[PDB]
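Novice: Now for the letters of each chain:
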Amino acid sequence: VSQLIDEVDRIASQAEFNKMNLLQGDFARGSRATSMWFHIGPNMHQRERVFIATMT
Amino acid sequence: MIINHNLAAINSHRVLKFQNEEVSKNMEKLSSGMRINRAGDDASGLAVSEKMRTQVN
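Protein sequence lines, in the order shown, are assigned to chains F and A.
Numbering of the first sequence is given in the authors' numbering, commencing with residue 114 and proceeding in unit increments.
Numbering of the second sequence is given in the authors' numbering, commencing with residue 1 and proceeding in unit increments.
Honestly, I wouldn't trust all of these hints.
[Unchecked claim] Derived contacts from chain F toward chain A, CB cut-off under 10 Å, selection only:
id, residue
1, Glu129
2, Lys132
3, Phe151
4, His152
Just so you know, the hints here were simulated from the structure itself, not pulled from any lab data.
Ideal Cβ placement from N, Cα and C applies to all residues, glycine included.
Please build the complete structure, drawing on both the sequences and the hints.
Specialist: Take a look at the structure:
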């Protein structure tokens with residue numbers, strides 16, 4: 114159990130994208146560190162927010 | 001009419017030369033099979049692609 118909880122923490126702290134860690138909770142609901150947005154339109158504030166909760 | 005300079009010819013040649021540049025760019029894009037061949041096509045895209053290639057390897 115310890116051995117295969119350690120790698121759960123490993124995925125939590127290492128699941129990454131283009132220089133962004135995802136599952137640490139930086140893009141959670143109450144997260145203050147940063148916010149993730151997708152600009153899905155061709156003019157001004159045509160953006161959207163995506164939430165990824167903590168998975169540690 | 002003025003014969004010392006064929007003004008329509010100059011404009012047509014200009015348009016043709018820029019069209020040739022565009023077609024050469026498209027031909028190189030076709031030949032390589034890659035959208036970003038040289039730098040300046042999309043600098044951020046090229047940087048992200050290189051980083052993700054390193055990640056993939």
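Novice: Confirm or reject each hint.
Specialist: Cross-check of the supplied hints:
Hint status for F/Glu129 relative to chain A: holds, with the closest Cβ pair at about 8 Å, below 10 Å. The closest approach between the C-beta of F/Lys132 and any C-beta of chain A is roughly 7 Å, which is under the 10 Å cut-off, so the hint is satisfied. Against a cut-off of 10 Å between C-beta atoms, the interface hint on F/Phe151 is violated, since the closest Cβ of chain A lies about 15 Å away. Because the closest C-beta pair between F/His152 and chain A is about 13 Å apart, greater than 10 Å, the hint is violated.
Going down the numbered hints, you'll see the structure goes against 3 and 4, while the others check out.
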